[PDB]
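Below sits a lone chain in structure tokens, taken as the form deposited without the ligand.
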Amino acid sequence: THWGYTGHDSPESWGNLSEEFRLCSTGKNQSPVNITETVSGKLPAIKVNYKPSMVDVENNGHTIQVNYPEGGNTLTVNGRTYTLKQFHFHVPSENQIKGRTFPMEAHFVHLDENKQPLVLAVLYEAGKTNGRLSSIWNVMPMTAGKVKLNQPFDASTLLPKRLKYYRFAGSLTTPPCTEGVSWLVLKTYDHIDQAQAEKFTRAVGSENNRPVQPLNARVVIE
């Protein structure tokens, strides 16, 4: 089923495009969200074990996505090991902090041994060109192709040294909007400029931000 961000197949309508996508409109624990009022808690520390890897960079008509065929890029939180499957971007950002939208967001998608999904989100402020991302922007496909990459990538560059985060439960932000996703949104912002954000938008065809969804019964832990 075709879905998008404008016209007849836009996010207000994803619920109705298919029975498969129903949770996009009926779900009560949907992402993204506006993080406003939080409960202060004692969150387990994130340990990151990313390394130079071979990755496949994909334009899927909705996002630019960097795929990890092999394991070995992991993140450990509360003594569970989550494997990095792929990361990708939204321009502008999807999640908000006290109403604030950022020029871009990256979502680092992981699974643990029990198939439990975990997304780590970096938010990018307006600032200087991102050097560490240039490697991806240079090979970024501008149609539904894939670049197999005798170019490696080290994703550890894309994460800050300060790994303080917000924690909540939620969903995929694209159909079928599956719930049961753990969300960890890092408090420390990276940077991009307008020319990188506009280049992403050219490639992907549109702005790919789903509107914020109500928290309902969920608490955000900071």
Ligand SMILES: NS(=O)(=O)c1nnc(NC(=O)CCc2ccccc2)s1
The other form holds:
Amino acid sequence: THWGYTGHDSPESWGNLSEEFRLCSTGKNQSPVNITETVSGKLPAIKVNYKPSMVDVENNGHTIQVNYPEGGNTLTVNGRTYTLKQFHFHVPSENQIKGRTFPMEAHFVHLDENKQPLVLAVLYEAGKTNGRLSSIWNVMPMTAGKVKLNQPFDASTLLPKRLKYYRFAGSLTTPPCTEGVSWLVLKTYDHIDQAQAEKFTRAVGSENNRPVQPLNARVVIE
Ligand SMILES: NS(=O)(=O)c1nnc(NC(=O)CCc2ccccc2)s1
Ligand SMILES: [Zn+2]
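What would the structure be for the form solved in complex with the ligand, given that what you showed me was the form deposited without the ligand?
Every chain and every other molecule in the complex is listed next, the one we just looked at coming first.
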């Protein structure tokens, strides 16, 4: 069922659009969030095992998505292994840090053996053109189709060597807004241009940022 960021489709209305989408408005542990009050804690370290892969690059009419047909790109945290399935973007960002919104956000979406979801988020500040993403921005389809394995990419490049993160629990930020999702947001920011963000926006057709949802009973760990 059709959903979007403006008109009658809009996020305030996602719950009304379909019975399958009802948690988008009813649910109490939704993403994204404004990270403000955090409990300081001893979080387990992230180990990143990403590598040059063949990826498929899609415009799905809501975001640009780099898909990974095959495994082998993994993240280990607290002894569990999560497989990178895909990563995509939001312009502007969805999450905030103390009210701060960033020009863009990347979401690296994983599953472990148990099928537990985990999104790892990189926030991009205003700065230099992003060299490492230009591979993707060149091949970026500007209509609802896919550019296929003619496309090597190394997602190692897109993560910092400092892997300090905020940790909370929440939802998909898109319908059907399934809860059950672990969020790690990295404290270290990468960088983009204005020209790169607008190209994304041009291609996807709109700004694809869901408003922040109350944290409610949830605690963010620093
Ligand atoms: N905006 S976002 O970063 O939170 C999203 N990421 N994935 C979305 N939906 C899917 O990936 C389809 C399959 C799926 C469902 C549940 C868990 C993992 C994968 S929304
Ligand atoms: Zn996302």
